[PDB]
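Novice: Below, each chain spelled out in residue letters.
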Amino acid sequence: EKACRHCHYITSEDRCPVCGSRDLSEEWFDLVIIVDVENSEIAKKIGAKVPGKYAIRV
Amino acid sequence: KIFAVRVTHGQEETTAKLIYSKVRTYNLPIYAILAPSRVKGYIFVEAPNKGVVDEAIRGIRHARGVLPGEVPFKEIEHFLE
Amino acid sequence: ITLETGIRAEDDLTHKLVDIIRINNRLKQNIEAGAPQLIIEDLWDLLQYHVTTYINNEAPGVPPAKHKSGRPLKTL
Amino acid sequence: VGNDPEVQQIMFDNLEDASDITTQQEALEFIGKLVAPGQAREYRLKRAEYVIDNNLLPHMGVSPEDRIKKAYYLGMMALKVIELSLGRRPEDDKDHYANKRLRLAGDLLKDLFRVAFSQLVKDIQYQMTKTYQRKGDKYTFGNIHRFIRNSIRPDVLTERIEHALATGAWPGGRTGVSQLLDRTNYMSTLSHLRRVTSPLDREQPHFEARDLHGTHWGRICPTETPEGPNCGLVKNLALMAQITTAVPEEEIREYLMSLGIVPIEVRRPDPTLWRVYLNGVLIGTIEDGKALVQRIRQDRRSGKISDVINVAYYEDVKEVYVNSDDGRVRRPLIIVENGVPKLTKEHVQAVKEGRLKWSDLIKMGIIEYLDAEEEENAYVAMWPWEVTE
Amino acid sequence: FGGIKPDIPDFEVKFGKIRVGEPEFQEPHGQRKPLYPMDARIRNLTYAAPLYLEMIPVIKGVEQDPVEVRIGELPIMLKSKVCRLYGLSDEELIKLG
DNA sequence: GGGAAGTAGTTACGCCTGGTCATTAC
DNA sequence: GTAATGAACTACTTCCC
RNA sequence: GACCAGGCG
Ligand SMILES: [Zn+2]
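Quick note, the sequences are listed as chains E, W, A, G and B, same order.
The number in full-length UniProt numbering is simply the position in the first sequence, starting from 1, with 2 added.
The number in full-length UniProt numbering is simply the position in the second sequence, starting from 1, with 3 added.
The number in full-length UniProt numbering is simply the position in the third sequence, starting from 1, with 228 added.
The number in full-length UniProt numbering is simply the position in the fourth sequence, starting from 1, with 243 added.
The number in full-length UniProt numbering is simply the position in the fifth sequence, starting from 1, with 49 added.
Errors might be hidden in some of the hints.
Unchecked claim - Residues on chain G that point at chain W, a partial pick, calculated with CB under 10 Å:
hint, residue
1, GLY281
2, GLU285
3, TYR369
4, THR372
5, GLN376
6, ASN428
Simulated from the structure, these hints should not be mistaken for laboratory data.
Where is the CB? At the ideal position from N, CA and C, for every residue including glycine.
Please model the entire structure based on the sequences and the hints provided.
Specialist: Following this line, the structure appears as structure tokens:
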């Protein structure tokens, strides 16, 4: 399991779910996950729009 | 309405994954789960009320309980930034 | 006391002190790293309970600490 | 509850505290307030209903439908309470042996197996859930038999049973259930295999419990007992003592319902009617119990029913008791009719030759077993030349 | 108990019958052989017999063919209806020590 | 105020024999 | 492979309507 | 070393 450097999206595969580019850093520590962006106000605070897992300070 | 649930400090990261899997089984009305590694032994769960977190916390051995009282959002921006 | 089977036997005070030290270390790390009030204000209660049991294990209105075998521990 | 006019007046005095102040849900609100003080309003109702369901007389069931029967039983208990106040019933004696039952291996082992199986099922549930969540549904449904087989750990049962049997510390806080066998000689082992112990605490005096009782005749040895603080609290079975097992109760109930007894729901008890109890619970009323007890005991003597059934009656309260459970201590006796014992010389001869055995003597109705309940109605002669009408 | 209700979306297990086997011991290398009370006493073993249980898998509300698994071992009362010494003659007991 | 009612503290001295402990999920 | 915790007694003190 | 059970005066 990896995480995109720019998307901050924790990726379980070689290709990011939201971006066709395959980028990773293998230095993610924090884990942030959201089930429903439409309901989660934390996603509104961070500006996310796609459900899934995210990192913060990669 | 954020809530705090105490878990064993060995497998907090796996706990988040197993809640993320468990939320689908009964379609729990839960918005987001938080579990930074800087804070050990506790996780943050977004839910409308205490009944939802109580129903979503059963069946997990590592989940010990839920702390009383709502955790304000204001106390936690320093982590999600 | 060293058992003939190779395992070590330790007094109850050692176990209680180990628990106290672990709780204190976790509370210190949480305080240093920053946390919501509901976290430290619960670790504080846990540490107070551990110290209270360590000094006296038969205090009124508190569940006595229990060993791995189910026997209540002996303390000071 | 009842129909006695004095009981009616007492109940009219009692109702005014709640007759015109509460309804069915209001009492639920009160109970919820008490069991869950200062908690969520909706939480209180569920907590109170749960407590009512599975904490009030659980032996009547835990379904919400059994609440009417629970109310009937509670009313009967209250009727006994108020009947004590007016002096219509003498207080019960705790040391009378009709109120005590023994616990044998078959029930302690049952409890231990119950707790071990309760642990095992939860362990299996956890293992199956984790395996399915980790490997995925395709692996689980590829070979379901292997999936079920390889998810069982058969040690949590064996180790927990074995440790409890070895140390002697039973679940539930009891201690000293299992003891080491005394093998000094023949008598020590044989006497150790026939011990009876009391669960009371040793240090306290317990003046009433340590004394001998009249009902101990033929069931407990009056002279073999320890010498230290254990005196009285540890006793040994007599030689004539016979412990009883249990027969199914539904068959007994449906047999009892078939000879004139009306159900409790259909008809309310009144002072002119006898009461009938089965294993401590009330099941109905009859117009004449003196003939009913004779019929039941005559049927038992004939051989229609099992010999573990004992029937006794008290005419002071107009009650009839029937017992069919295990744990009672009984002794054998010779039936006497019309002032003539039913045992003859030819019976002794047949026993001596070998044609007749003890079980056949029991079956033919010559000898019957009596517990502490039936012995109330008996009048036993001591020597064969002292019998009369 | 009735059965097991795991969190699998379409799975449930129903319990069947229970059986008690012969008193036996399993060597650490794999084989299982009969056991006798004196052998258990000398070797500091436990005189017990295995237990068997039938599990009925239920998939989508339809019962499947049953399966049988061993859930553990149960100690055996000496000279009971299942002990190896039941009904033996005096010389048989003498030969067994 | 002087009646509950609910804590809180104790309960003889030696000696002998044997048996069990002193975690576990991955 | 290891890091992880899950019955009587008697005299005071506190109420209290 | 601590517990449990049983005995002796
Ligand atoms: Zn990406």
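Novice: Checking against the hints above, which ones are violated?
Specialist: Hints 1, 6 not satisfied by this model.
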